[PDB]
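Undergrad: Okay, here's what each chain looks like letter by letter:
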Amino acid sequence: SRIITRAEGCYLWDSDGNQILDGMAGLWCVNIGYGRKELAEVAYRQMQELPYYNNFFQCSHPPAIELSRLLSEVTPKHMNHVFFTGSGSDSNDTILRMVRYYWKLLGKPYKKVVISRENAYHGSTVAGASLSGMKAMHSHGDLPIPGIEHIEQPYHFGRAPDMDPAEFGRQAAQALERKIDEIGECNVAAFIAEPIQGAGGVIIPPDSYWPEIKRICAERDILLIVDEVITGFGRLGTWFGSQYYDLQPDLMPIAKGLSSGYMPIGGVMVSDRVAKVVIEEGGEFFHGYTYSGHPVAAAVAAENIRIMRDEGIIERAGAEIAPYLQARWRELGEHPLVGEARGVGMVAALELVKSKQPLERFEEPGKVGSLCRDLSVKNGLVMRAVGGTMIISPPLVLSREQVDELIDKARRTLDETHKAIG
Amino acid sequence: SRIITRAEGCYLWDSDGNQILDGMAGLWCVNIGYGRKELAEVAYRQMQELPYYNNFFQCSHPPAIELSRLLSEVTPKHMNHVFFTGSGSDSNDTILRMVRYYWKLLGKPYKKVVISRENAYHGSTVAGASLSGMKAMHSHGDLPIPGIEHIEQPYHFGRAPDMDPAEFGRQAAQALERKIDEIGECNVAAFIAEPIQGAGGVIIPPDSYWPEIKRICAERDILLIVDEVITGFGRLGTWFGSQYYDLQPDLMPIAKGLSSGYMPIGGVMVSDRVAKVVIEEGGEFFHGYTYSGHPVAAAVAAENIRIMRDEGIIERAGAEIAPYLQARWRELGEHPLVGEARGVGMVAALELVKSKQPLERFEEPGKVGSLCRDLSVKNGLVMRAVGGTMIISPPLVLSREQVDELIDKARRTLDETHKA
Amino acid sequence: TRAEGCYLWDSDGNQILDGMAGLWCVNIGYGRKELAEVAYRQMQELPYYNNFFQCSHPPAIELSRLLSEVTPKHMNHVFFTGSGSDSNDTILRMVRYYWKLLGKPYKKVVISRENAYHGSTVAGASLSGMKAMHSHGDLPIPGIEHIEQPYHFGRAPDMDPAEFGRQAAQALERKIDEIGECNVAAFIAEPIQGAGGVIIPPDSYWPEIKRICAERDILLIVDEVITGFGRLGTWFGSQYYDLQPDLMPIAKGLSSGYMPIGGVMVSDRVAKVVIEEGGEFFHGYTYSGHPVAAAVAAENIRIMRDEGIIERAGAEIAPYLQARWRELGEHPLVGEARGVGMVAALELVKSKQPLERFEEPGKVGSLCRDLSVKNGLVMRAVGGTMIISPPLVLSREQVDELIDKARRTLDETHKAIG
Amino acid sequence: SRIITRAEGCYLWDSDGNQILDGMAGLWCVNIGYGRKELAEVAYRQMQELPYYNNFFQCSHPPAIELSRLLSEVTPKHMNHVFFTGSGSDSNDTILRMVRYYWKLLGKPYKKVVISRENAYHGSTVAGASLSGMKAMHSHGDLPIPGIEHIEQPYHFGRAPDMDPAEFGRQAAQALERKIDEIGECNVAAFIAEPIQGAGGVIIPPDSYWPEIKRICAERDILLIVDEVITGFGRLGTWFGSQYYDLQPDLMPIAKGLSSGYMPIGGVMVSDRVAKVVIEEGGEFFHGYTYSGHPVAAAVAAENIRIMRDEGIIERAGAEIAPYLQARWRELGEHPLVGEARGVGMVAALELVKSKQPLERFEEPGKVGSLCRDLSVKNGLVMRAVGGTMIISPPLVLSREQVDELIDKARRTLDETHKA
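Chains as they are written, first to last, in the deposited numbering: chain A, 34 to 455; chain D, 34 to 453; chain B, 38 to 455; chain C, 34 to 453.
If you are wondering where the hints come from, they were derived from the structure by calculation, not from laboratory data. Possibly wrong hints are sitting among the right ones.
What the hints assert, rightly or not - Not the full set, but computed from the structure, chain C residues with beta-carbon under 8 Å of chain B:
(1) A40
(2) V63
(3) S93
(4) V159
(5) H451
(6) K452
(7) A453
Claimed, not checked - Calculated cross-link-like contacts (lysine to any residue; reagent style SDA-like; alpha-carbon spacing at most 25 Å):
(8) D/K400 <-> A/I312
(9) B/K70 <-> D/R339
(10) A/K212 <-> D/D175
(11) A/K70 <-> B/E344
(12) A/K387 <-> A/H451
(13) A/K70 <-> B/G66
(14) C/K212 <-> B/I178
(15) B/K70 <-> D/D175
Heads up, the beta-carbon is just placed ideally off N, CA and C, and yes, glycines get one too.
Use the sequences and the hints to build the structure in full.
TA: Written as structure tokens, this is what we have:
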């Protein structure tokens, strides 16, 4: 209902001339901010060079290879292969398809089960929507397809506000060992988790969770799938949310920040463990499946990544602005309407609550965040509402002046929300 | 293989200065031909104003809504509603999702099965690869997801060369009625077929098939899902392969030629029937989470469609160069190595056969076509080989002057292979 | 119908290349979507502007800055009006008021040229040398005299061009010493006469005329309606001939034909007098143009300099076009192949070896105009002159198209006449 | 000075959030009121199709022909013929040009004089400014181009406050017969007047006046030209101020409210009389007599006219809100600082005076009106001050609820001035 005339930097100007700070990077994706001519230029060039090449006819300096090199260099040091695709949901299909195929080639075809988390988002294909724990998506059809289970999420504030933050961290990761010993270790092929859940609020694991979950992936013989669709490309202060939590994923769906949202593209990083098996000594994969991603989108994604490592914008993001934003978000932790002030790197969330000292949640808390979102825009700041959780995922080029806009506009938006409610 | 440097029109010049008539529009997709600056311009202009935006906010003359009017005009027989996605494989996911969700809303949740065909291509996601009858993609152990069946394909030349084509046509279309009587009408949600199986050898149904399969879909209460990804946008002489065969799809995935291959986008056309139920009186938008279509990709695709109706290139393809190409492809049917000369509109195929009067196929017939494909690239003509099938999907910009070029490289390419 | 690029598709499904930019105006070509949006946006905000209440970021201010930036040189003031004909009225009106304020109300005469077009209002038609327009009543109004045009082909085909240029530019001093310098307020000329058949001055004319306008005390009015916005390779035909006008009508390419607008660049000399130290705007005062049209026109200039479409026009395709036009000078029907920048003409003649002209050459050219459209090329006819003013986005592949369609059109006409 | 931001209906909101009812129409022109998105829609759609009518050509269904059809049904009776131009000032040039040409074609080139009126506005070109009577414009030089004379205006209040209205009406229109009898009937080609002088104060002729002018224009062989630029399109209660005063103009300039001020355009309506002669038995006004206007401005203008006849806003304006507005305006005539309250249709004026029963006019009365204007905006009402005359030209969308707003802010605005 807003209608946007101009979009440049971290801003959205609206039809009536109102400047709106985009705290959401649109949809977690535009990391270098808007209005980058350098991406529109490389698109124009590649749409004229060759817009769709097959395997019998490659062009000269094809973008699939320019991109492949940059990503093997920017990604963790064990992941040095990539396969492309048309969005970030496609990525979770290929992972499902190939994680199972890895075990078949290792002689254990019974290993085909894939464990997820409740309130986890992994795509919207028929496989992304089954792996995703959003129980609302599962209504449409008998969606959770065979071989997909789901386990507890580490939402300390919403499940168990009183448990020791770190004892809960250990408990909710052992929820994985529980589901392993009920299904059968030899039936489980892998575990997939966002380093942080975007779509469910900014649900951040206690610092204990990921360590225990890595332990379990060793005692039991299973692959790790980290979904860097959102936490990828500077979103957690680091190139990939894996290196924030010292994970060694055996697969990673990527998208969004790959092209800063300027072009549909997704891919999957493939660790060297699983590459020796499915690529060498394996060609039934890539049968019909063809992973020479759309050349125009890989061309943009290449320039997108050059822009971020050469102008050091994600290195500056994690070193200079991420602290200030996180330190100052906590400041909103004292507003009477706010229960938790959550956040890591360049992403953050607020919990909206009826009273704090007894900490009672609202009956219908979505109606409360749904209002606060409508008043953040009406005060010049985009901020999503999952439930009564307010979230921001700003572009990575944000400047400290633009966080003090964000904080002061948030405080105003909370004060207005707090007056209406009582 | 060859390193294409430049590409304009229907030609690809490679590192060595060789002109190569692209008979495969790249991968059945570049319909307005290569080298159309007007599309690269509109992409440049849209990536500058708004490269992407949340659905809460919108653009002023949003690119996706303009596209939607065009698709509701070029062919809206009764299809005046479209949902978009990131590729054409994503598209068949949204159909399976929503075909099941439509019957749920009419009180029949047990109607959830979708019948496909053997050797049909319907995507490469985990649902496209299940719907598709390619037995190689199924190699997985349990790829065909629950609730997907497959039936006989109407490949007259390869299934049953002697049967009368129209009785073989009715035979393969009743394979649909047979599968319904085993599965149970109340379990079947819909049946889906390409109008012509592209990815599987240009396998053209006898003229008897589609008439029957529409009959079965009416007597039985099952939705018809026509896959215009590969046949859509002039490829079949008409705007869409449906109006050529008088179909009334209740869903049509489209892609590849929506944007003439310049930009990842696909969608599903939605007939006014199924639209009444799922859109009004229902909240699933779109597959199950909102996707209004990437503005940059919708911007290209829209201008691409204008270029095609406003310069009338799908009209000229279907009126002047298709008849000519179809007339002349047949001319190759007499060559000693050609059993069938198949073709409709701007798509066509040849079968390679060891002997014709005894009608022998090769043992290992794939080895022969891969050699003939290798000899068209070597003679300046791209030509795909599915099996012992040679196929062409030239762009819609071909000129009558250029079909005579394509025929000659074909006749030239065949003489050599018969000589090996 | 579906006009896109340099092409106009017809009601009958036919592709026609517009070598006329419609009417000397669509410079960024047709089918430019970004201009329709800024119109949509501006019509939504407000439809009027006056001093007692105006909108925010009114386009008149944006356009005024753009027209006083890498567009003119010593002209840093502009006034807007509803067309390019209104523009020559404002100039006529204010040239006289400039002298009134210097104590010289006797200075009110304005010398023009024969076959110069300067508008179609009652004063544009007086300033214009077209004698068909003068019939309507006693049109040539008081003031306004006319002198010889520098049309070397039709006036004096054999004289040395360089001096024929000096002679026709002294026609200005001759008319001054006949009327009286202290009665003359100014001289007005297109840098090139478009509507009169792309009449290109010998390189000598414009040099002399600058001489005369110093020795004699008179203002210079250069009519950049057609030659403005790249038509001559340069932003304005002034900087092609190193002229320094004290007034310039601008229109047409101001908005590439997308929205009615015109203006006047006003040199700093004459602004010190009429603007500072003067009124003039006493309910005339419609110095504010229509906001929607200024908004369209502003985007038009950004697009033209930001994509450098007139810098490329003069540097890359104009030479190709001009050079390739000359090739038609060999055709049996062609005496001269004239042309500068992005504009050019052909003269149709009965024969070349004695240079014989036609009995009724318009009836011959009116025929060729009718056959260029029929072979897919718009080409206007002044008399027996064929003229083209293609949009500035033309591509060399489309000039090779323009030349081939012309040669065919000339060959066909050469068969008919014979 | 007063920055406006959003504008809707009969309202303007400024930078401080103040609602200001526009009692003018900006410049007498916005008739369908502000904020009509449907006008921006048709302009965006036309600028894409054909932004510049080439030559003797057409797009598909050119906008100039539809405008002419609408304008020949809206201005029917004699008329049925129209030209186009870029402003309304350009229009009076085309009239002067062709009125002289009409007589030239009748063998009478000496009939070339055009009689106008003092303090009348007819344009800002050198001919509009010659015809226009206000000497502020003529002082620039010898503006009155040869062949233009001017006569007395029918301003009962300012010329002759005591003469009986009807007798002063006959007295002033015979100023036309006097001037014919001095110049020579055979030199006078036509006489032209606004039905009501807008730009010069809302000077409304006595009811006796226009009857005499029609008398004079018959006995003597001279054409009548009525300037419906300001009074046209509902401004005078009826579609055109002509039919209110039952005039039969042989030419009418139109412009404001042709497009509600959203797009530069004007035209001249041409009676059948002058049409037979300048079209047939002549027509050497080139192919372009003028015509076409501008495809875009014609499209905007066509839509503006549909909105006014399909929603009947000009029929309702004179039938429902106008009677009311004129009746309540009289009320302000009783205020001690107000002498005369004039008004017709959707236009009305007030005279500012020192005392009423001695009838003293102010010395420097514009300074009183300039002050009252600045105080009407200061109290949320636009109201022009031509001299010491206050005038209002509210849009035609005004509501009876909205007239009570205008009277109250007026009475309030008048009280402030009365002690100052």
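Undergrad: Would you mind marking each hint as holding or not holding in the structure?
TA: How the hints compare with the structure:
1. Look at C/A40: its Cβ gets to within about 6 Å of chain B, closer than 8 Å, so that hint holds up.
2. Evaluation of the C/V63 hint against chain B yields a held restraint, the C-beta minimum of about 6 Å falling below 8 Å.
3. Interface restraint check for C/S93: the shortest CB-CB distance to chain B comes to about 5 Å, inside 8 Å, so the restraint holds.
4. Taken as an interface hint, C/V159 checks out: its beta carbon lies about 4 Å from the nearest beta carbon of chain B, inside 8 Å.
5. Of the supplied interface hints, the one on C/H451 is violated, with its beta-carbon coming no nearer than about 23 Å to a beta-carbon of chain B, more than 8 Å.
6. The interface hint given for C/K452 is violated, since its Cβ lies 24 Å from the closest Cβ of chain B, which is over the 8 Å cut-off.
7. Nearest Cβ of chain B to the Cβ of C/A453: about 20 Å, over the 8 Å cut. The hint is violated.
8. Restraint check: the Cα-Cα separation between D/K400 and A/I312 comes to about 24 Å, which is no more than 25 Å; the hinted pair holds.
9. Between B/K70 and D/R339 the CA atoms are separated by roughly 14 Å; this keeps the pair inside 25 Å, and the hint holds.
10. A C-alpha spacing of about 22 Å is found between A/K212 and D/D175, which places the hinted pair at or below 25 Å, so the restraint holds.
11. Between the alpha carbons of A/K70 and B/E344 the distance comes to roughly 13 Å, so the proposed pair stays at or under 25 Å and holds.
12. Only pairs whose Cα atoms come within 25 Å are accepted, and A/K387 paired with A/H451 is accepted, the gap being roughly 9 Å.
13. For the proposed pair A/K70 and B/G66, the alpha carbon gap of about 23 Å is at most 25 Å, so the pair holds.
14. Under the criterion of a C-alpha separation no larger than 25 Å, the hint pairing C/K212 with B/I178 is consistent with the structure, at around 23 Å.
15. A C-alpha spacing of about 51 Å is found between B/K70 and D/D175, which places the hinted pair above 25 Å, so the restraint is violated.
Going through the hint list in order, the structure does not satisfy hints 5, 6, 7 and 15.
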